[PDB]
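One protein chain is absent from this view; the other protein chains keep their places.
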Amino acid sequence: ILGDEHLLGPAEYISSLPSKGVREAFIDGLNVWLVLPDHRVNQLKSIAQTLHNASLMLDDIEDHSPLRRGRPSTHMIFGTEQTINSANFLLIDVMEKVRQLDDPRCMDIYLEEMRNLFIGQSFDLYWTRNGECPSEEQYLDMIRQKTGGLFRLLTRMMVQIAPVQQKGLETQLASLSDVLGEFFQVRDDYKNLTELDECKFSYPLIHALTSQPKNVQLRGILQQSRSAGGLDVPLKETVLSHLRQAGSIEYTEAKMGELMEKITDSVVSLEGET
Amino acid sequence: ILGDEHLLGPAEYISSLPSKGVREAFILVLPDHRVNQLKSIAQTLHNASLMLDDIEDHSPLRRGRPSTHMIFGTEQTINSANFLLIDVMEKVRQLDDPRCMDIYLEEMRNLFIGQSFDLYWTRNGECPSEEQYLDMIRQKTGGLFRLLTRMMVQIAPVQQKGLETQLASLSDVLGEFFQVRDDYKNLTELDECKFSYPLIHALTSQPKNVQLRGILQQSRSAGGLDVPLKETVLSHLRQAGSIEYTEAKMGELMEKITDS
Amino acid sequence: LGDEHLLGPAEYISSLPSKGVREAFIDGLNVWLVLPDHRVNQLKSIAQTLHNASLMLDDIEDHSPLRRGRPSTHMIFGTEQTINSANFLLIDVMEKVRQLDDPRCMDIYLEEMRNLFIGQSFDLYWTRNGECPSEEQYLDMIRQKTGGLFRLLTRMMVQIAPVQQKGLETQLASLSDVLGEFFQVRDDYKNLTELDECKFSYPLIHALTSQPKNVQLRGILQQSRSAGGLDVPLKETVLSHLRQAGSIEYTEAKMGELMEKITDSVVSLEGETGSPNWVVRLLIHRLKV
Amino acid sequence: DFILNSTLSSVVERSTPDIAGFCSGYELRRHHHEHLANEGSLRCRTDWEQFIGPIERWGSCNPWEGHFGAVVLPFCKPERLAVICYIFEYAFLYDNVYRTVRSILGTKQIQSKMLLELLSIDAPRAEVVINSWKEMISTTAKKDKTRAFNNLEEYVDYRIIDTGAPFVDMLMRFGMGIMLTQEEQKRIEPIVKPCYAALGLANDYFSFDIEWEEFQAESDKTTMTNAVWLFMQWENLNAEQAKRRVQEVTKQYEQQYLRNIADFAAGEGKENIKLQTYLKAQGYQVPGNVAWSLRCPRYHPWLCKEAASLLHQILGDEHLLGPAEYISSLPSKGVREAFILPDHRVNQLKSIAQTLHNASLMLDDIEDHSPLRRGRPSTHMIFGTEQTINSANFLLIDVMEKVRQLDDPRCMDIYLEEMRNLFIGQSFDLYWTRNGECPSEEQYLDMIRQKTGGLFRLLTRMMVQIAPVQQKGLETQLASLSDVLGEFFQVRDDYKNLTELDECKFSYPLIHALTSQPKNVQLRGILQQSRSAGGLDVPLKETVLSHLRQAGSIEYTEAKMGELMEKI
Amino acid sequence: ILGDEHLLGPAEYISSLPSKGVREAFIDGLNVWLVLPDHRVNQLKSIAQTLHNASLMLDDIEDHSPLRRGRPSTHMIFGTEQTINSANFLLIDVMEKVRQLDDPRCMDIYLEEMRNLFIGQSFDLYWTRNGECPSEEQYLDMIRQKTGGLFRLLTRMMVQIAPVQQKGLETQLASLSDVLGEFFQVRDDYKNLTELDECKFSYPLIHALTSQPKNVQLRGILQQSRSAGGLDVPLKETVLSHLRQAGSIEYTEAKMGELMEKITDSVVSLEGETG
Partner (left out) sequence: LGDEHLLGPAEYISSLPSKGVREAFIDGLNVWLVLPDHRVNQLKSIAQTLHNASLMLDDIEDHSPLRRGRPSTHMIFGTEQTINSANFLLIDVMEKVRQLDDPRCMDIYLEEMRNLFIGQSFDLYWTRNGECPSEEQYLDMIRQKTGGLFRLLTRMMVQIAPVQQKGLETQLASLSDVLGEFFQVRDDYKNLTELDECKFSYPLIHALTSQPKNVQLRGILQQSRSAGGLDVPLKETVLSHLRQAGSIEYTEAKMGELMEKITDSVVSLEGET
């Protein structure tokens, strides 16, 4: 009838797994600049945790990943439909917490940044389904919304409840959020490749396909993955060998270095201001 | 990337299919603009529900035409449904009333609990009772009607404030009637092992019927039933006396719906 | 037609390494019942054939690729041929009971095989439909499935036994029933401690009963049902859910109680006979201690 | 203190330089808590006649120092001391070995009582003694006494195990209980044997005197295999000359053992006390053997009584009968009922036929992957495969309850033989169906005489047995009729299923097509496609029909029916 | 134990099937202008028939077509591997057939034309497997080589075998053959579409995908075709409705009319510089 045990089951499962906690560390780091009450910071951390959990729950069915952190995924314990149902309700649940922050403007930020996140994820899903390689500009504009969406969403809701005074620090913090969202995705791509199964594009894999327009081997191992469903170890070694010859990994290291210089410059400028 | 063509695609496709407009016809002296706003909210919520339900039932067709997940994929349809929820959120905001927000959130919570119970019963093959099944369809199906009626009463010019309870009861009875009718007009005209009022009566009145339970189990681990198996299921339901046990419910619900 | 293709699946399973629990049980009971070597060997053949047919059928109805580490009979001869050989083995055993020179041995056979088939039918119904039985229902079933061959052999031995030893029948039947319960709870314990076919057990029943709201265990069991077996990480999660409800200790308590009953019954039998039975107690030692 | 605490046991005090010219100044110890060792043999003896039977041999017991297991090895732990005396007495009496059947059951109760107590305390510690026990018993069995052997050097290593040294050795191992590595044993095996041989050779040497009398008593005895008696034929002498011969021969190689203790393990690595203590333990028993064997009754029996006198102080049936009633509710044709004596006997036979046919149909539907039967869903789609198999087996068991009420023992054998033939036929059918093997015409016709004519033969023979005595000369005629009738039914079924083989079943027309045309590759390819994919699509079926009709196989089939029909 | 019975086998089942005789009729067509003897005509016709049979046998495998002319395909009676083997041997058989024409240049012609045919087929396969939409120019270039290759082969060998005199009328005949193959392919596409199961790109489909690079529905249905290895009736009707809105069935009739104008002009021109 009404027990609400089949709704929060999947939500509670994913919320009891090991996690890095980068989203909460970002809030803690920002709270130094914007002095805020512990109550508000904890509310924002809960919001970020719920949004992250919903995103993780959804992005596992769309990747057919049986395991998460060595533990089984949520849809392998509850079912795909139940996981979708709980994830679509976590959006409503967060909607009641943004409304408890006592600010009419906080709902506008929520409703705009969520739309940006959904646009980015929609583009990622399209490029995954239809194997169309995007340009570097396109890929860098997706991950500034798909991954930098949560950081920007948290930042804009925190400079609004920030006590008076500091209001000028809006553009700088937003740029920091975007650069961090870019860095945290290039880093994950580099880590995953140097140390693709679901035929997912990455920054190193676009450079290879762009610099080498006549590489017919790469474009065929990229299609065997789509057709069969995944690449075995012998084919993954071939893909890594093809990427090692185009200088894609060096390109990725250069991009990461360039991004980190921007991060440190923004941090030093912000520290100078405050 | 500032495009909306891969996010709004499935939403436009599901809104182009032919419909019956039950929710719109359901929709207190209200100004016309408010009525159009409420109709848009109802339509968008129904479209999202259909988009999600077609996936959770592996239905290749909807009203004769293809389903949304066979033209755009599963994941894109899911993303579009989530953004449709966000868009309904935006639409409720424009109604210019603080108290519509709480109504929307509470009704969505109830609708999701009902759908969760339905999904649990369908996946695990656990047969609900009469009371549990009749309480699940007061939320999964009557949730939209209750949501709309509570929203309409609030933004209606004063006077009509004591009729919230009566209209809510009317909405619950209406949702029950719709679900029981759709159960009836599906056997007196299953492949995903969906329970129903006739099926529950048959399985409860007969605690030792092994044939029906075996056919249902075959349906579960086959992806669906063929024509002979569906025919024997119908014969079992007809012999158990559940086609007119359901016809008594449809009359009893019509008695309540007529009174209030 | 020259035989073969019929007693080939039967001979493949008779050439595999075994243990000899039933044979040792017969030799342990013979010191109390006292039978000629001919009759004891005939009963050994009957028990061996019946156990082999049971294993042949169990492998098919469990989708088990291997048995004792070696390939199964139906992966070398086909499902249909194995079924045919198993059906013929029942007719073959029914030819050996007739050579025991007793009309009353046929009634015992035909009345205990019915109980065997009833217990196995309930096992199959619960496995296929996903229904979870109660502890009483589960314990009663394994008193007919696993403790039926022991009872069958026992009731045949107390009928060919020379005149006098015939009042010791109810005690021996109870001993066989408790042995059949013990041999199944032990396997249930051993498999878990060190579900691919959605098989129920004492720990799993306890976990499902004590926790009416554990939605994760009921979820992984359904995943197993809908995927033809669990993976190793899901198996570890199922096993971990069974150490938080106390199922592993509940199974050991049941095992201890069963062993106490076995020891009490053996002591009573060794007292109402006058002969200490040092071969059945070595079998008890080989089991747990 | 993890060393040998020899405070509970002490050496024997004797002023002589050495008794009987053996074991000069060796530690022949005696245990002060020896009272447990005494009953150990007596408790065993009480078990024997209670399980095996009466004894007339007294055994091993002397008024002097003590038992052979007492003097030789008193270095046991206080608790694990009497369990060994139980083993020794059985071994010291086993060499000599309806009521015969009862005697055997007694043996299984002695070879398990000793095993129980020994294994109970510690199995890995225990397993050593049984492992040595297994090979020890077997070795002496193989050596035939009628066949002789060669020089004493090759003799001793047979004898060192034949009477058996490692037996006492493995109990000493059982005394202190250190597990030893596998390969390190091998290099020290030639270290222990010189001690073992000298240890073992004494036993027989003292025991020679009593072994002699036995040969004269037994005529059939071929040889008294014994080391010292081997000198009697090899080096012919009076008698006591051979007793002198080895009196110091063993004495000569034990002196070697003192070196081995002080050698490399305890030499260069003198500060390696964990290993150096291990070596010493082995050489303690040696003085023990000569003590007891000196004058004991077992070896010198003159004491007899003097030794004895001095020493006297579920409701069920719903998941079983679920697939069976479903298949019995589907429409039938009444072919076997019409084929089938007072009315009750006829009804009993009709019930038997119906149940057997239902079981056959249930089993056959599973092995055809056929979802439908008479337009109605098959049984394995309402109850599954395993439940249907269970019900099919129980139906075979149940028919037996029906057969036994016909009041005829010679109806219990007809049923079994006919079912054997039915299963043979079905086995050949299944083998040909699976392993893509086309039978010949004769093989196919033989198979369908048993798979399909088995039921008719069974019913006819049962009816002849049941029927009044006068009309019993038919039998053969009716059986031949039934065989032809079943053949006709099978050929008809093959013919009709073609005019108007989704599982690649060999029919009568198909065999003709395959045999008359050895070079037809299209038909064979289509059959293999059916085997692999699972079945045939409609144009494939039409091309199969075209290939069969071109070869004139349907006209062949119709000729068989007219031939079969004429015989009927 | 030396019979050639499992090799020639698949090559006879495909020959037994009914045909339309386009290649034979074409061979008869250029024979009035070239006037070469009957035995040479029969040899050329046998070469063309064998090449067409090999092409059909390979094509049916590379598309999973259970049926051909209403009857089952060759790889459902002999399997895939034996069909591939027979297709590979039919090339060698055709090349034994060519040397009997008693002209060294026939071998060079044959080798060049088969190189072109294999290039065209390679591009067709790459576009089909990788889900890459060709442009109009690329598609028209491919169908000029894959489909017009056989006609060009036959006409180039015919103008070489034929009795002396007339030799300058080679380029015109090659142009005619290329245009004719283009027409055959476009006609086949139109007939199939009006009256992509294996994700095959056509002229109307290319036009629709080029005209509206925002139609996500068409692209999604084309991807569903690839994912499920085929399209059902409602999805095919939806694709046809999409093509009947972007003016793809009308942009195809103009191409066919232009190809007929070219064919008629080429025939007329090749009727003036002869007798």
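Note that the chains are named A, B, C, D and E in the order they appear, and that numbering of residues resets to 1 at the start of each chain.
Following the convention adopted for this analysis, a residue touches a chain if its C-beta (ideal position, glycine included) is under 8 Å from a C-beta of that chain, and two chains touch if they have at least 3 such contacts.
> By the document's own contact criterion, which visible chains does the hidden chain reach in the full complex?
A, C, D, E
> Looking at the whole complex, which of C:8, C:229, C:233 or C:276 touches the chain that is not displayed?
From the options C:8, C:229, C:233 or C:276, the contact with the absent chain belongs to C:8.
> Pick out which of A:217, A:245 or A:274 touches the chain that's been left out of the picture.
Counting the whole complex, the residue in contact with the absent chain is A:217.
> For the chain not shown, which residue from E:35, E:67 or E:125 touches it across the whole complex?
Among E:35, E:67 or E:125, only E:125 touches the chain that is not shown.
> Write down which of E:91, E:228 or E:267 is the residue touching the left-out chain.
E:91
> What residue numbers in chain E mark contact with the hidden partner chain?
1-2, 4, 6-7, 58, 61-62, 79-82, 84-89, 91-92, 95-96, 99, 107, 111, 114-115, 118-119, 121-123, 125-126, 129
> Contacts of chain C with the missing chain: which residues?
4-5, 8, 12, 65-66, 69-71, 75-78
> In terms of residues, what is the contact footprint of the unshown chain on chain A?
214, 216-217, 220-221, 223-224, 232, 234-235, 238
Operating definition for what follows: only the chains that are shown with their structure count from here on.
> Starting from the mean Cα coordinates of chain A and chain C, work out the distance between those two points in Å.
55
> Compute the distance, rounded to whole Å, between the mean C-alpha positions of chain C and chain D.
20
> From the C-alpha centre of chain A to that of chain E, how far is it in Å?
From the centre of chain A to the centre of chain E is 50 Å.
> Among the residues of chain D, pick out those that touch two or more other chains and give their numbers.
In chain D, 319, 384 touch at least two other chains.
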